[PDB]
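**Q** Put together the whole structure using the sequences plus the hints.
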Amino acid sequence: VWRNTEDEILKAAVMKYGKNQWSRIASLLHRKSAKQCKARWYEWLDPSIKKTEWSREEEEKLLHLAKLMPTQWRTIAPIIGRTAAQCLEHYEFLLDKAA
Amino acid sequence: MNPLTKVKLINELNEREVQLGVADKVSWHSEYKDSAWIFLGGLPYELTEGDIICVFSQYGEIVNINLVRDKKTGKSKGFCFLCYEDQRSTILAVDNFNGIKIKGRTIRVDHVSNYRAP
Amino acid sequence: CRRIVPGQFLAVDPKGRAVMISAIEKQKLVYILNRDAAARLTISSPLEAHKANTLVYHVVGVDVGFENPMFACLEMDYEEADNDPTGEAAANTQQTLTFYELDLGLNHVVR
Amino acid sequence: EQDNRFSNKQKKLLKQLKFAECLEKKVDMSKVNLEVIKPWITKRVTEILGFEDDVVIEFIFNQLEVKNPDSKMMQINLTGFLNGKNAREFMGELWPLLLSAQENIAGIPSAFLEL
Amino acid sequence: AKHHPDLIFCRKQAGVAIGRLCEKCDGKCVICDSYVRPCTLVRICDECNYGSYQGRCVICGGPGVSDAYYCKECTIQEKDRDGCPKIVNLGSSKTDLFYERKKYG
Amino acid sequence: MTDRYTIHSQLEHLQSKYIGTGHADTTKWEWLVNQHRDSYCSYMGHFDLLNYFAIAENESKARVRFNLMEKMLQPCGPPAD
Amino acid sequence: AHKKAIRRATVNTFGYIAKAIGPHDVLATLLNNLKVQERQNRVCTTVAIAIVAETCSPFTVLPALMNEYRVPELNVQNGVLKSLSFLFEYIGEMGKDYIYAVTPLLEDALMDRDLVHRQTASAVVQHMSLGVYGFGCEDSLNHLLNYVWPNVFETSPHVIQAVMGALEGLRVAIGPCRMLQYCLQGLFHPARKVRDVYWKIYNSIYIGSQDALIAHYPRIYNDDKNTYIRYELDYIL
Amino acid sequence: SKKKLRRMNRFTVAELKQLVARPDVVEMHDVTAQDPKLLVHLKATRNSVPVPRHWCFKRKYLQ
Amino acid sequence: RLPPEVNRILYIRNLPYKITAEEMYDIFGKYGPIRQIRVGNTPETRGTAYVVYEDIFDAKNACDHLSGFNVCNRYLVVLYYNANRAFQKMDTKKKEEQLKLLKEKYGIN
Amino acid sequence: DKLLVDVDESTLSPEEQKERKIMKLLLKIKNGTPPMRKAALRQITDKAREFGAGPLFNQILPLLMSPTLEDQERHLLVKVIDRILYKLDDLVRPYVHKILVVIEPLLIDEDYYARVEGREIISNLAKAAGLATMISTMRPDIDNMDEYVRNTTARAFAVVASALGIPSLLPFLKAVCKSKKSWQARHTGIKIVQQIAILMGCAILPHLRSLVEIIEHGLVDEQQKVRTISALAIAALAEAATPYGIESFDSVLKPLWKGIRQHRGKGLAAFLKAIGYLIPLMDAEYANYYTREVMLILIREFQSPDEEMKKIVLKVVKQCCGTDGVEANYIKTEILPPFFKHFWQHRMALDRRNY
RNA sequence: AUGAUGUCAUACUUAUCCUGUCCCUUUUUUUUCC
Ligand SMILES: [Zn+2]
Ligand SMILES: [Zn+2]
Ligand SMILES: [Zn+2]
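Residue numbers (my numbering), protein chains in the order written: chain W, 1 to 99; chain E, 1 to 118; chain F, 1 to 111; chain P, 1 to 115; chain C, 1 to 105; chain D, 1 to 81; chain V, 1 to 237; chain A, 1 to 63; chain L, 1 to 109; chain Y, 1 to 355.
Note that these hints are calculated values from the structure, not bench results.
It is possible that some hints are incorrect.
Under the rule of at most 25 Å between Cα atoms (straight-line distance), these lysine-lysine pairs were calculated in the BS3-like manner [as the list claims (entries may be wrong)]:
hint : chain 1 : residue 1 : chain 2 : residue 2
1    : P       : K11       : D       : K28
2    : D       : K71       : F       : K51
3    : A       : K4        : D       : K28
4    : Y       : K79       : C       : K94
5    : P       : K12       : P       : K72
6    : L       : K93       : P       : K43
7    : D       : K28       : A       : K3
**A** Okay, here's the thing in structure tokens:
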């Protein structure tokens, strides 16, 4: 997995190099590739991603969408503004709290 | 050293020569190419000739049979000498029958070098 | 000049087959002595006689003819006067002459 | 013998067990006939155990036939086979009988002097 | 060997039998674990010299090929005066690596 | 507990193979008693403290030797209790 | 390499080619290796500097070691300390010329820069004492005792047994009087951790040189019931 | 408690400071020693070297 | 013709909670005679069952066949039991009394 | 399986049950990466005393008896038992028999390191739980009816004898090997004696005569088995006491030498091993007569089919016909010809010890 | 102002490893018969 220490070194690298030079950023870290550095930045570390709690507008959206386009989370996600992994876990969450 | 170890050791002899990759001409049996006599031991005391033959005839015709029984009571001592019709059948029998269970008793087979008649 | 390390007493046996070296307390070794083919002195490994809480006053080789060699230790045992809160065992603890005996057939030293 | 990181468990019991009462007067064996005692030992234990244990018998015998036996060590060694308090009672019962037999002039205990 | 705290010496009385080294172990001291200025020879307990135990590595235990010595530092502090310095226990590491291998290949 | 009695183990070993060592529970009496006994065994080894003493009193070296070895069984009083 | 034969032979040939060429260039490429990170290579370069120094006399390579101890890394400071440990054990009796050059480095390391700094300066002191035994270089060793001694209350296995080795080297080179003057006050301390340590040290002073101590013990008065004073030692004659 | 009997043995610091020949030497905890008279006498011997300051400190040494 | 780890006692998990004992019995007697059945009660053991058959072959071919059975929206996870420890003493008194019965009855000694 | 259902801890009001679950980090030891193994090992070996023996061995021992356990898992589990056995010193006093029932099979095992480790932990067990515990614990197994446990108990006995000292165990031996109801106990005691000789080796010399007198009542017994095992134990002892102790064996040269002539079969092999090992230990005016008598039997057994027979006469020939008290021409004439005719075969090469 | 607890990886220490070797595991209804 990723540790606070890698994460902060990534944040600093990206903030110096920019978001298209993943190969030198991957050279800066040990046990990390450019594929993985990129995935981490665009999944969790990007300050555009929001980690708050769901407005119930957002949750009525999530439910309506996840019924209209079933199993299509990378397509659902941008229509509501969080990553596909967050949408998906929180959706299962509402489902089991409702079950 | 009880006879079950003497079984285990003959079987070890076989599978060891297998691991070593010995040719069929320098098998340890080659030292016996002039004797069609095998010794069976560990036999149960109730088996008769009829049984020893019905069992061991699988590998050839049996020319002679010699079940050694205690002279006073006539009951079997529990071992036999057996003369096949071709030495090669003794090869087969020693490899194949050494270590089979007959009625719980696990009998044992091996060639005989310079058999002396009784 | 240590106290449990042999060197203080040194006895020999009259027929000339072994030496015993001994400390003032707790250790005794016994060396065996032989001739070789060339009749030069050759010495074995040590045997042992270690016994705890025993001063030694003197050691000497007892004379016996070609039996197992014997050594004659004076002795004592401070082990109880160490554990007698009054001073009783301080007095009325008395020496004990003891004979140790090699066993060259069996190679150990028995008291 | 070679290790330092383990303690002498005998000495530890030598401190921390509860022993018998007659276990002080040192005892010699020259002064004793045993073949008189032996049946007493046998019946004593065989009752304690409800059955017969030859090995415990011979264990006690062999531990006794020494020149001077250690009553402490003997009570310890019997603590396993018997139930611990049984060992205390049994040894503090035999050992005084030993003193009796030994100050007797034939070497025999006063119990079988009477009986 | 001053490296592995888990091992133990025979520690019983000396003898006259010189001590021997396996080829892995060749050249080092037996306590100080040095590589230099060896001064005196090793003498081993008769028990730890008896039978199959003759001519082995004091340390390794394999086939002894050369005589073991004591460094000058052991000789000066007199750590050569304690009787048989044969390690009488195998350790965790031998059987450990052995099992890791026998699982691997 | 663990460390307590395991170093109690190692020190019992040390002492029993080396009379004279100590541990955290060594009393004044046994300290000074081993210290006296060593002093005597060394007056006897050293051929010249033996002279010094035999000349300071007026005895012979054999008597002085005998007296030391007599004292060596309770050099500092009876035990603590 | 994973094999110790190869590394031993490699270190030896660093020595030989230092004998063919001068020492300087091979020694410079060897301080650079102390800049790596895996320990086995750095411990093997530390033995190679010792060998270069012992073949071509130590006065050639010391100033460069002592200077390399001023660069700000952990691993190179411990590299030069471990290298001195090896070097003093190798040169043996000729330590007596460099002991004074070295000591100001060791006290500087024994006033912490790390646990491992103190552990390795303690090993240096052990081998340096065993080497300079018998030549009257004793005030230096006593001065370093003043810095090694406070590390007696440690708990790391390696730091505590490095300090023990140092104290027994210094026992043979400074003698048991000094060592007992250091052990005395803590044998009967209130606490028990300090009694534990002090009795371990005292046992090791006692076991070796238990005879030299007869002349050294202090005078302990006699109380009511027992007589603790040794009077034979006050007979005048 | 036999512990509290040993505690009943424990002199007061002024008790100690009185009996011994040099009182400066006596510190606080010296009372708690199983041999306080010895301890103080050994602290008053010439040329000996006092225990390192940091045995009580809760932080370790050059940490 | 059996491998020894075969047992007449098997361990079953992935059961429906609260499952009807009668179902249990016939579901399992789709093979033969059931000597005994125990269902766990404490929540930790809730949902699993030890089943003691009276026939070696019954138990084994049950472990052959049913392992991989799906009832109640879950596959029945089974295994052989390793009855490798005892859990209380074997009661010498009644033991020797019933063997005393044996001997008194059949006149051995 | 208890690890699978998860519920809050304080629900498990037994703190015995809480520590039970947390001690099933045994899984993290058994399976795990080396980091997990290292950390869990340190944890268990630190928390051992608090955990207590009961919980520990109750979880650990079924593991060691599991039928599918492979090699490395067992090595790790026994290393665990080793460390906690060293931390808990006395507290194992109730579990010694369980530990033995599990560890004993390591003593007869093909992996040399398994045997050495089992020997080592049984030694530490004997030291931790003192003599009386071991004696009382393993007595009822001398008389057991499974040869398996009789054998492994014998070997374990020899280990605790090495660890604790013969002089402390010797009365118990005398007892068992002179028990008169059961010959199983006599066999097993004589066998313990054999194993002591095999293991302690040189250190039996001070007690040699005591052991030989323990054992010499067997060379005359009527039950053939215990006779054979007494002869084997004599040969073991002689080998452990090369040249020494001959005056201790003195009592026993007679039962052998007459058993030799009027014996045939397997006892012949055993008594031959014994006399062969004594022949070196003997002074020339004895060895010459004994040798020149024995070589007569030997020449006859060169044609023996038995594998133990052949191996025994190989050893014997090496000792007998290889002293300073024989003459070259006799060998050259009478031993070499049938030696090379009957021993240099392919079967011998194929065997690993006969080789 | 340095507390213990830590399923936190990092950093370090041990000229530790990475070649060392299987040989005393043979254990059961004695049984190779002129
Ligand atoms: Zn080696
Ligand atoms: Zn050394
Ligand atoms: Zn040894």
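**Q** Compare the structure with the hints numbered earlier in the document and write down the numbers of the violated ones, lowest to highest.
**A** none
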